[PDB]
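Yeah, one chain of the complex is gone here, protein chain that is, but the others are all in their spots.
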Amino acid sequence: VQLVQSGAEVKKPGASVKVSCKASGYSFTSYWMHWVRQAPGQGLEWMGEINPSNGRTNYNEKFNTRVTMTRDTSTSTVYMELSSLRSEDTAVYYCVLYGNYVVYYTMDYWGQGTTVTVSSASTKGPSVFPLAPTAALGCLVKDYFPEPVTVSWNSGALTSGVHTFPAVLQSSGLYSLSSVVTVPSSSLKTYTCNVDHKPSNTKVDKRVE
Amino acid sequence: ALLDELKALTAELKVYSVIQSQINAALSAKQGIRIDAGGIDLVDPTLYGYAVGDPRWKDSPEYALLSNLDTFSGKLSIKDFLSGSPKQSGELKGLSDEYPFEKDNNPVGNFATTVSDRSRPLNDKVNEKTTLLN
Partner (left out) sequence: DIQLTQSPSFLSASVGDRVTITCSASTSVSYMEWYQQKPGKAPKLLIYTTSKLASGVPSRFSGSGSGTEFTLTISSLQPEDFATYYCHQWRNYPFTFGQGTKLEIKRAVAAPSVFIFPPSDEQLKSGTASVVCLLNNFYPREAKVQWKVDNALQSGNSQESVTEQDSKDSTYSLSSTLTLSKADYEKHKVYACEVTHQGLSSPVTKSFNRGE
């Protein structure tokens, strides 16, 4: 069984998002499909379900006026649309096949998830600043949107003693992240952080000194 | 002891009769029957004599049986009931999600006898427990 979801999205407040979930490996119209979401740092919440044989739905009362689930049986795809988006809707959204299916087959299946970010912010690449004084050094990856950003050191060769921290969301609406590495002081050898922010096509190499 | 058994047994048999009814209606129209998500939902008060909204429904032995099955998720297909536990008549395993009408050795007909064969002992017990009170 595979459940393949559409790619990450960014939306302004008030707008709507439509995520797809393409199903294979089981009788599509034989079982209900669910949606479950998870906001950053938080737990899981069930959003509702749809019966693909007939389009019938049941929604969590919390979302009942904002969510629309539909399906296309010909392509074995379910859609979840969520309207009047607010920042609290920033989350990973999963389509899920579980419930009675698990009794029959002894397992469930989840899609890989779709990150949806709702913010009045617009897509922007970070500035990368050096963090300079066993010694520590690092890179400040500042003022980007949306997540994620990847950081490596010395093209991936330096992993030991590296800490890349969770980003924080600033009052500006933009994210900021630090990545550091600790080394013996006598090393102060060459240290370069490689930053890649795919949504803005900002790929940067910063030599730290 | 006896009186309570008869109540639960009779509720279980009632769900079987609802199922037989659906199958018979399929046999009458020369149609196949779906027993998965595309078939009926057995969690429906109107199937057991209750008005929608009647609070008595959630206290019924019918609801008690259905709502405690391993295959129950707020809803129940005919297959979920037949293959679900716990019930007195055990579990029917390996069922197909649907049975098509055929002119030769009708699957719907074979499904009908599979279900009736399973409910027969249940019916015997109900008759026999009823038979020792009058």
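Which chain is which? They are A and B, in the order written, and residues in each are numbered from 1.
Basically, contacts are C-beta pairs under 8 Å (C-beta built on N, C-alpha and C of every residue); 3 or more make two chains touch, one makes a residue touch a chain.
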Among A:8, A:39 or A:136, the residue in touch with the chain that has been omitted: A:136
Candidate in contact with the missing chain, chosen from A:65, A:74 or A:106: A:106
Absent-chain interface as seen on subunit B, which is shown: 67-70, 72-74
Hidden partner interface residues of subunit A, rising order: 34, 43-46, 58, 60-62, 94, 98-99, 102-103, 105-108, 110-113, 127, 129-136, 138, 140, 142, 163-168, 170, 176, 178, 180, 182
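Heads up, the rule we're going with is that only the chains that are shown with their structure count from here on.
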Centroid distance [mean C-alpha coordinates] between subunit B and subunit A, Å: 44
Residues on subunit A engaged by subunit B in the complex (per definition of touch): 27, 29-32, 51-54, 58, 99-100, 103-104
Residue ranges of subunit B in contact with subunit A within the complex: 34, 36-38, 70-75, 77, 80, 83-84, 97
